[PDB]
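**Student:** Take a look at the letters that make up each chain.
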Amino acid sequence: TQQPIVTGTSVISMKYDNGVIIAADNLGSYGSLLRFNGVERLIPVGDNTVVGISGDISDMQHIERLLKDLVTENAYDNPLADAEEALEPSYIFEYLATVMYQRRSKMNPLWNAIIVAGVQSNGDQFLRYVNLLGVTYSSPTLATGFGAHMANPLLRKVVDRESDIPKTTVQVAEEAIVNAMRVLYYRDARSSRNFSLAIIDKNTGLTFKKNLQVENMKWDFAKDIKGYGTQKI
Amino acid sequence: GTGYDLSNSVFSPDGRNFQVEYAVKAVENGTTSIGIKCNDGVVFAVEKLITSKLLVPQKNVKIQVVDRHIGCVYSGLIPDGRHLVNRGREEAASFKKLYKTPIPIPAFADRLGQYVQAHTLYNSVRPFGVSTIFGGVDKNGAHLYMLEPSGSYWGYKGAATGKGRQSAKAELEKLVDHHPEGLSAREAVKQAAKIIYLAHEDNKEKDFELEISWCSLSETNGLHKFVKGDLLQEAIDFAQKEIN
Numbered sequence: 034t035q036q037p038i039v040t041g042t043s044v045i046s047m048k049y050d051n052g053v054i055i056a057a058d059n060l061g062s063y064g065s066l067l068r069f070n071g072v073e074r075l076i077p078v079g080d081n082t083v084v085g086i087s088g089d090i091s092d093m094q095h096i097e098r099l100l101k102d103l104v105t106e107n108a109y110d111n112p113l114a115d116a117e118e119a120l121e122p123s124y125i126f127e128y129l130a131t132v133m134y135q136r137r138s139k140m141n142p143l144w145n146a147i148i149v150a151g152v153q154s155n156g157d158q159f160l161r162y163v164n165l166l167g168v169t170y171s172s173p174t175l176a177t178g179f180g181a182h183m184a185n186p187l188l189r190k191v192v193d194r195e196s197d198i199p200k201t202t203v204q205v206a207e208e209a210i211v212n213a214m215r216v217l218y219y220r221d222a223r224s225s226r227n228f229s230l231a232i233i234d235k236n237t238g239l240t241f242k243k244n245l246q247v248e249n250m251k252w253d254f255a256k257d258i259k260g261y262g263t264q265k266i
Numbered sequence: 005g006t007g008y009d010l011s012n013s014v015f016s017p018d019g020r021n022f023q024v025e026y027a028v029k030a031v032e033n034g035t036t037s038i039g040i041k042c043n044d045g046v047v048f049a050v051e052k053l054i055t056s057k058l059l060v061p062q063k064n065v066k067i068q069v070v071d072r073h074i075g076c077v078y079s080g081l082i083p084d085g086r087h088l089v090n091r092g093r094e095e096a097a098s099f100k101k102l103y104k105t106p107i108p109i110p111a112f113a114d115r116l117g118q119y120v121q122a123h124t125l126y127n128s129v130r131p132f133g134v135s136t137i138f139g140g141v142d143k144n145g146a147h148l149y150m151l152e153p154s155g156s157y158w159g160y161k162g163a164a165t166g167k168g169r170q171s172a173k174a175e176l177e178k179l180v181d182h183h184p185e186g187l188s189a190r191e192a193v194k195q196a197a198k199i200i201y202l203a204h205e206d207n208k209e210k211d212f213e214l215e216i217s218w219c220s221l222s223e224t225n226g227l228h229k230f231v232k233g234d235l236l237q238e239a240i241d242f243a244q245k246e247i248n
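Protein chains in written order, with the UniProt record's numbering: chain A, 34 to 266; chain B, 5 to 248.
Here are the simulated EDC-like pairs of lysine to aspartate or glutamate, each with C-alpha atoms no more than 20 Å apart in a straight line:
| id | chain 1 | residue 1 | chain 2 | residue 2 |
| --- | --- | --- | --- | --- |
| 1 | A | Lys235 | A | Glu117 |
| 2 | A | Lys101 | B | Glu94 |
| 3 | B | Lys229 | A | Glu106 |
| 4 | B | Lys104 | A | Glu73 |
| 5 | B | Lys104 | A | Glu97 |
| 6 | B | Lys63 | A | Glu117 |
| 7 | B | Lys229 | A | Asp102 |
| 8 | B | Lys232 | A | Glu118 |
| 9 | B | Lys229 | A | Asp115 |
| 10 | B | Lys245 | B | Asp206 |
Just so you know, these hints were derived from the structure itself, not from any lab.
Given the sequences, and given the hints that come with them, work out the whole structure.
**Tutor:** Printed below as a string of structure tokens:
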């Protein structure tokens, strides 16, 4: 049993007609001190999977190391490591899921909330969640922490049920995701303006975008607001 | 007296360890394999005897990768080779886990060296029935190595072991003389394809399948990779041509 120290906030994601999108800002908080600013919380595994991690950063780095090994190991005595026997998103997930639950079962959790985003070899989209309790679930949209409260409501307005997926495009989806990131920057006190976004499309493959920024921010109305009730000036 | 060759860690009157020597026999009795150090990497090649048409071609892969930058090939008791590679893999994983940086080839060699040497210390174990040629690229250069059942090993310019090791060593020495400046990755691959073909005469009776792999700073980015398709066929011909 432990307690998180350096932490990463929300990880949001959804699936559209051709793939999945996932994003996470680049902040590593230390309590209310916005300490680190170049933290990449999106871990690509191969070219069909991206693992988004929130929670304890030291634990995330550990999980990051476990993933590099998965790759190295899957390569051993595997002539089809980059073909039929390459790591599938489902394999990577089932693995992390296994670990997360074994660890909570030993009363020594990996203090994270994880979302595995990817496209299976048969083109199927993959999006599942697993946290420190070893709890797992899928849904057209998935977000951790704050994103669960603020991002999901927005993203679900785009893909409310399974059937809405084939009707959603990378443009519509990426747009939703980016607006969500702006909202989170507005109301989450543990968020950064800078973030990374990744797309895993069954055609264009994996597109990883770094150093994005929340733009188009409404603040002007703040000038017309003075006092907290009766104050006029 | 006698019997000095029945137990593994026993010194015979002349200071030898016969069991280790008998292991070397199993090695010589095996397929021929080689390694060629080039100007920025290394190439590994091996002879795969085709016992029959029933063996699926291109399948029973012999060369093995350790970590992501090391190649290993061996002649002798195959299962013993795998065992040693497994150990090397654990050996390499542990090193990277503590030091972060992938294991330097020299460091890796001593890991395999110490492990193999260890199996000549007790009579409760048998020495490894294989000689291994391995190497790769690291923080500073490419390195080629060969490890004997005794646990002995050195850095090589070129190395060979197995049935037709003599042919090979001869061919390798020629290259060493005729290229004091250093062969290239591309070149070594062909050269290797040839030397295996030549050395295959000491086994000309059975048909075989050639296998090559390389690790070049410029050709593979310092990552061990198998020579497949075109590059492979191109080298298979370069040999078939110079074998006549």
